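Consider the single chain below, provided in structure tokens and representing the form deposited in one PDB entry.
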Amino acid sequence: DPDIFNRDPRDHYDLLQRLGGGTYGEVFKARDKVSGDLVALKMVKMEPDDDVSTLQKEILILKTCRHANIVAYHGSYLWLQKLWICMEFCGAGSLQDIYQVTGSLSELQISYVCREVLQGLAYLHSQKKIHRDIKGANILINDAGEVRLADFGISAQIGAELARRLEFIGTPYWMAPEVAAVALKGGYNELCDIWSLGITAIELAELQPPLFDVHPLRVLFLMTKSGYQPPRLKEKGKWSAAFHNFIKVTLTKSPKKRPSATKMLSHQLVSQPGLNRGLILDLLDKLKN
């Protein structure tokens, strides 16, 4: 990055609190020494021999996003084998931080979250970007009750891993076109984010994703099996027919039939009035008292 700060970020910010980790790195709450503005600073250990392609990709993804529902990027620092990515601070943390205190979200609360995430996903997919890690831990909430997607760590890692395999596949002259296609395009597309959103709506409603108690390797085998049945909401009567249908369509098994983010934004669950940040401000009041 030519815009990188070759300086210690503690010249500009006071580190206030450890916020936890992401796919990689550790996130800090920090305060601008001159303005008093709060930021989130993600510190990643970056040794001299290490491949910097994943972090280069993550900063490129963030830097070229200009949408309210994607965490804002302020800049990055490189100093003493540490790279610091400076981003928008979201005072209430993740939806997982929240629901671990408050309990299950109401259907209206889930609907507002799903609409805001779909707006961010529509934007990302309009740039040929894929989040690939949509879940409650990656959906952040600020003090105003606004929603922001975060942690492009998985997306950047896939992007760097695919580019590293490309320069090392060797002679392709005897390769089958499907092997070359998966080596260049990963074998799936942006609709994987729509499925993840459906699982996330279940997560916000039930405090855990479906099959959370099943071994992760076994969950992968069950999903790859012909005849895999998409998950559903456990309680029938507690949720509206519109919410049950939202889960049904986002959790379409075939990616060829799964609706896009833009198509999902016209679903009645997320296009209803009364969907605004005040619903999350009520959730934040429940967290406090």
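The term rigid core refers to the maximal set of C-alpha atoms that superpose within 1.5 Å between the two forms. Numbering follows the first chain given and starts at 1. Compared with the form deposited in another entry:
The residue that stands out in 179, 207, 211, 144 is 179, the single one whose Cα moves by 2 angstroms or more between these two forms on a rigid core fit.
Relative to the superposed rigid core, the position of the CA of residue 22 differs between these two forms by 2 Å or more. The Cα shift for residue 61 between these two forms, taken after rigid core superposition, is 2 angstroms or larger. Once both forms are overlaid on the rigid core, the distance between the two CA positions of residue 157 between these two forms is 2 angstroms or more.
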The other form holds:
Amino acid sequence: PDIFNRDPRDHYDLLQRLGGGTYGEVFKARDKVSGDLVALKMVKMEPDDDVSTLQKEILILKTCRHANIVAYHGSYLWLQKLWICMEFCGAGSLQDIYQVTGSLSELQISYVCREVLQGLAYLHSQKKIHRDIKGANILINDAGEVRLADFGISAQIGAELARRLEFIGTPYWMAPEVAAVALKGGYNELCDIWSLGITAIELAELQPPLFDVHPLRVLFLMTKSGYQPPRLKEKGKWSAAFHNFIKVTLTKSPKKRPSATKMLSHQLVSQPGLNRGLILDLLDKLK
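Starting from the form deposited in one PDB entry above, please write out the structure of the form deposited in another entry.
Here we give the lone chain, stripped of any partners or molecules.
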């Protein structure tokens, strides 16, 4: 991986701050030479972070190539800050969209779900796990296409890495099985299938299930043996294929939850007629 050792402002003009967090901030930028629009995610480094770890992580981003994953262009390391240059999606997230447009149509939701599963199937083929499939992390470009955003690299380096370690506290007395669960272990890639189920409900009802319930309470309720998976509120508004798509994605047992590849063969996402034009209608609603 070629982490360019220059200033990113030499090659790009920053145009607008899109969002931020403990990882850093993301800007809309324009290539001073190409004129192409790009997203520039700046991750604030820490002294104890090693240059070896970044390369490992930048190779992960470089190798990960799928049409439904936001494209990686390059990386820069300047003044103790890391900059990741990525594909730019001019319509923001689906959350940015449905907060203005309202609930999506079943056809639009199906197209989104098929596109996400295509990317999800690719990530799981590479033994990777998104971990945060949700409407706020599903990007849309002006062409009506779907791109998965990923904030994982920040959990392995920089300030987010520090804050997690700050919460775990001292690990020297910890048993090795507890250590595993702290490095995000204990589950499988099939949690992405569940999160897509809630996302479909989120796109249909403008909120995830139990959104108005306190986070702790919601956490207890899912660990109860008698928990019931959520469902769409208005049954009549949606077809049986959609209801079944929600039923099979929201399988409690991870050993019985179907894979992204199995879900790509589901009736809701395998129907002809699903294409970018469905979201082009949505982006027009916004206008």
